[PDB]
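S.K.: Chain by chain, the residues:
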Amino acid sequence: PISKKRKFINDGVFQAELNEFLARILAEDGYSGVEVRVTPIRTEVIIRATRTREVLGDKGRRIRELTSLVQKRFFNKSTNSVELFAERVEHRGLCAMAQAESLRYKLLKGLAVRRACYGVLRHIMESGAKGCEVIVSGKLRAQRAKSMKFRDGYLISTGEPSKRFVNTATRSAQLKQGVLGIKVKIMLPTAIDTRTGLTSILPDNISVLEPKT
Amino acid sequence: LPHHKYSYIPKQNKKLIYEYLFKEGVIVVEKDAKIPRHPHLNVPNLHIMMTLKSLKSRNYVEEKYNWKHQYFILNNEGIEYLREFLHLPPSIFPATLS
Amino acid sequence: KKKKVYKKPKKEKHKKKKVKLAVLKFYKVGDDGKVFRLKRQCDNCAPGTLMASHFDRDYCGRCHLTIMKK
Amino acid sequence: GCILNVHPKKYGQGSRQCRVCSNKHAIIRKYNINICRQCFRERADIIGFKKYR
Amino acid sequence: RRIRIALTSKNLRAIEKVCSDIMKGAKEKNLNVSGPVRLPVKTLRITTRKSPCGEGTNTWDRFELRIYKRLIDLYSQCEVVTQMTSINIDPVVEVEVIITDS
RNA sequence: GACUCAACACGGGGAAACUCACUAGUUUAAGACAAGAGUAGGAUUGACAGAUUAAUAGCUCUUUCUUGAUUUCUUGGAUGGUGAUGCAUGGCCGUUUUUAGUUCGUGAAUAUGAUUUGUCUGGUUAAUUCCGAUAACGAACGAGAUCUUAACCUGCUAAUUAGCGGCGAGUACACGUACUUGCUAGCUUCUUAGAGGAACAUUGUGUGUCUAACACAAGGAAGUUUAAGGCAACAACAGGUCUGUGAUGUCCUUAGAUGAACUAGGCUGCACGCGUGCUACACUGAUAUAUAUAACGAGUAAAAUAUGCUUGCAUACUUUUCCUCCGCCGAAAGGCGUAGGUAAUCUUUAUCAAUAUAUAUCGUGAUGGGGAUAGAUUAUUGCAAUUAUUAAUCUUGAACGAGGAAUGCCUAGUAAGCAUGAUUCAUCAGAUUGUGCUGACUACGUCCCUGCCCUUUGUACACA
Ligand SMILES: [Mg+2]
Ligand SMILES: [Mg+2]
Ligand SMILES: [Mg+2]
Ligand SMILES: [Mg+2]
Ligand SMILES: [Mg+2]
Ligand SMILES: [Mg+2]
Ligand SMILES: [Mg+2]
Ligand SMILES: [Mg+2]
Ligand SMILES: [Mg+2]
Ligand SMILES: [Mg+2]
Ligand SMILES: [Mg+2]
Ligand SMILES: [Mg+2]
Ligand SMILES: [Mg+2]
Ligand SMILES: [Mg+2]
Ligand SMILES: [Mg+2]
Ligand SMILES: [Zn+2]
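Chains as they are written, first to last, in the authors' numbering: chain m, 4 to 216; chain x, 6 to 103; chain AP, 80 to 149; chain AC, 2 to 54; chain w, 17 to 118.
One or more hints might be untrue.
[Unchecked claim] Footprint (simulated), chain m over chain AC, 3 or more residues, beta carbon under 8 Å:
| id | stretch |
| --- | --- |
| 1 | 12-19 |
| 2 | 39-53 |
[Unchecked claim] Simulated pairs of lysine-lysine, BS3-like, Cα-Cα distance not exceeding 27 Å:
| id | chain 1 | residue 1 | chain 2 | residue 2 |
| --- | --- | --- | --- | --- |
| 3 | x | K69 | AC | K25 |
| 4 | w | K43 | AC | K52 |
| 5 | x | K73 | AC | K25 |
| 6 | m | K188 | w | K66 |
| 7 | w | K40 | m | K166 |
| 8 | m | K179 | m | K166 |
| 9 | m | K142 | m | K152 |
| 10 | AC | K25 | x | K39 |
| 11 | x | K39 | m | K80 |
| 12 | m | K188 | m | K149 |
| 13 | AP | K99 | AP | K113 |
| 14 | m | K112 | m | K75 |
| 15 | m | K8 | w | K85 |
| 16 | w | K58 | m | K7 |
| 17 | AC | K10 | x | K10 |
| 18 | w | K66 | m | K166 |
| 19 | x | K61 | x | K73 |
| 20 | AC | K52 | m | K10 |
| 21 | m | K112 | m | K179 |
| 22 | x | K28 | x | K58 |
| 23 | x | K10 | AC | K11 |
| 24 | AC | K31 | w | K66 |
| 25 | x | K36 | x | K16 |
Note that these hints are calculated values from the structure, not bench results. Think of the CB as a built atom: it goes at the ideal place given N, C-alpha and C, for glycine as much as any other residue.
Use the sequences and the hints to build the structure in full.
M.R.: Following this line, the structure appears as structure tokens:
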């Protein structure tokens, strides 16, 4: 019978640890998030990824193993109260985690940096994205480290809108001679629900309507 | 009970760990050698750590580590080796495969 | 920081001296006067757990029960 | 006998550690978080804390 | 039969919407419902330092986690209220039912 | 480790053990896997007693039982490391800079070029913020907007774990007032918390190209964008961190270990130099009594209390471990017994402080100012208090009489004075980070010193 404060802290910590575990397991599957619905009857986890087929396994064999591991780690006392479900991301051109994982996977095969960056740029922008930015930092060719930036369109930096309308991720790739950092930023096509949830637009516009004639 | 040295795994402890791994499919191990016993298994934690370390070197499990835990998973060769070791009929399968 | 200074040689480890077929010294049987125990048997250990015949006592190597000779 | 790990460690800095790193410095003990300060500053958003002012 | 409904949540939108839905759903059955009671909001604070290392100007940041709570009373049956409660709520709000007959 | 701002109560760094990285010793294998050896006629494991060790480490020796293929020896090969390298890297943070800056399309300067203009003489603003002039016409980031808290609402929506009111019974007074108590019409002022509204320089008067704007008065809760914060462009630094990390490249080391531990010690050692501070030098005070009065917070696998047995075992995880009202004991610190509370419900807050206020004593005297340094006794945390953990009582009673050359912060509920909650925490704040209480003087400016920026100008500087 612990107090409310400790209950909420416990939920936060469990959320974080589960997310980190799943992000490690499903690296090569475009992992993008987790949702947990804790009932005292059963707890249901809902994974979001791009490649649902190879997440599921052969007749769902892999997802059964994932369920067993998650249960033995977090719900040790009981026996069968947890189940998992996989879902596919509707528009993968606006999920920053997916793009960052794709760039990492490309760069691990030895492909040139510039081609991969222009490719991901062209892929994000054709999904309607209003702006985008990709940054790669480290020993690129020489022994002295460097950064490279690649931009397109329109992007915001300050204020409260920049936290609503922008999607961000960071990843790293272990090359033979060091580590490279990957940093992706996507501004969503004027699509952001509000804190008092409703589809908003932009805190910077004053269109004036045309009189009826 | 002649009180051997700690970390001198008897045959029974290894048999119990193999039985659990075969029946269940997977195992979580909690890397800490100072714990007295495993949640599902009445054996010193160090013994489970040592056995699972030994299986990975021979490519019978795959493991990967999230902060403070191990998360082992059995191969197909693991299944075959455990049938040969434990003498089970060629019909039995671990619970994950159903 | 510096390399060690070793003036005293190493402490040596403990080896266990070996006796070949020591069990044949524990029981011996004549033609008459059949098998006769040469060491003595324990008290709370399953039968056949013999104990050492020391200079002044008897010692069970399995439970460490000591009985003083007198 | 054995003298391995026999010193009493019920209280003090040597008793508890980070839930993630296993380090033993600058642990948050308020509300029983039990994470050192660096990892917490990295994970605070998904835990539930926010920056307002 | 003096049933009390209690709601706690981290999100203001979520719990406000759930309270509105329960309030309107119970009024379609012509039930004596006591208006929601909004208890004081409670805030959890952590003030940690930036800068993994120890050099530079000493700056801090202030973190906040605040908790909301609502409260509804009504005269009805246990089965009716436990059906009305559960319609697959947005699972970010906690709901618990208690009988305050004393 | 870090050494001008931008090192020096910083590394959340208040170290008795642990932490720990340093000094002196002693153990351990928790040396994957592969190949060879060794071996059931036994590979190896453990240990009473005497010696021996700080040691109840069979560590080692004497002695001689136990154990059963788990291990042991050789060569490879992995693993770990608060070991080196922040001048090999990731991430994060600090600083330039919280300034007002940065870029692009087409046109023009070209009739070579690096490159210009757009991005400006002037007025105006907190602001490349605007007006306007114009070989330029248009756009984008930054500024602004946005977000969080504070200030107004007898109007809306609500009543518990909030109040007020209504109905009775009393205890005393004055001919209704104060308090105690059982019960429970209605209402939202006080308390709480959701949705809205309200300021636009509105109106009047003046200055200005009468543009952009500024100043004063009236009204108003509010007229320095009303107050405070959070966010933070392009480009950089060989700035800090590998001692936060199962982030990591290379080099070392790997059984007499630079791995992991156990015992004691050191990080605190004192002719001296420097930074941040606490207490003072008294009467606008010290001591002693009494009266009145805040805001933001926090709080529950081990050891511990009870039968059969010779300091150990088997036993309830039935009590207890966090804040602790109340009763009793004790000068005091504290001790013993028992409630409530996983919390708008109890601790505890129609009040958990101290500056204040009232009355008396002292009386310009290093003094009843100041309280360092020492002696003795008593409690509590802890396995352990010696180099004195902290707290309690009596005794002792140093410098200091307003601080030289220099130098810091600050414009209103602000400076200063006054206390308090949390972080660390078994025990310890003279430190940080928040909160409230009492509440001034002086300006309403300028480019003189210091720093930063722009224009013209000179340059033999470009690691500038
Ligand atoms: Mg960088
Ligand atoms: Mg702004
Ligand atoms: Mg100390
Ligand atoms: Mg390391
Ligand atoms: Mg550097
Ligand atoms: Mg760096
Ligand atoms: Mg120019
Ligand atoms: Mg009101
Ligand atoms: Mg590191
Ligand atoms: Mg030590
Ligand atoms: Mg020091
Ligand atoms: Mg005196
Ligand atoms: Mg005095
Ligand atoms: Mg400190
Ligand atoms: Mg000047
Ligand atoms: Zn950590």
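S.K.: Look at each hint and say if it fits the structure.
M.R.: Now for the hints, and whether the structure bears them out:
1. 12-19: Result for this restraint: violated, n = 0.
2. 39-53: Result for this restraint: holds, n = 4.
3. x:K69 x AC:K25: Satisfied, since the Cα-Cα distance of roughly 24 Å is no more than 27 Å.
4. w:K43 x AC:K52: Cα-Cα ~39 Å, so violated.
5. x:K73 x AC:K25: Roughly 15 Å separates the two Cα atoms, so the pair holds.
6. m:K188 x w:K66: holds, 23 Å
7. w:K40 x m:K166: violated, 35 Å
8. m:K179 x m:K166: Status violated; Cα separation ~36 Å.
9. m:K142 x m:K152: Answer holds: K142 of chain m to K152 of chain m is near 15 Å, not above 27 Å.
10. AC:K25 x x:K39: holds, 17 Å
11. x:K39 x m:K80: Status holds; Cα separation ~22 Å.
12. m:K188 x m:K149: holds, 19 Å
13. AP:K99 x AP:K113: OK: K99 of chain AP and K113 of chain AP at ~24 Å, within 27 Å.
14. m:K112 x m:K75: Violated, at about 36 Å.
15. m:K8 x w:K85: holds, 13 Å
16. w:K58 x m:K7: holds, 10 Å
17. AC:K10 x x:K10: Distance ~23 Å between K10 of chain AC and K10 of chain x Cα, so the pair holds.
18. w:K66 x m:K166: holds, 20 Å
19. x:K61 x x:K73: Status holds; Cα separation ~18 Å.
20. AC:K52 x m:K10: Between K52 of chain AC and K10 of chain m the Cα gap is close to 21 Å, so the pair holds against 27 Å.
21. m:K112 x m:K179: holds, 11 Å
22. x:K28 x x:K58: Roughly 19 Å separates the two Cα atoms, so the pair holds.
23. x:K10 x AC:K11: holds, 26 Å
24. AC:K31 x w:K66: holds, 18 Å
25. x:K36 x x:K16: Holds, because 22 Å separates the two Cα atoms, which is no more than 27 Å.
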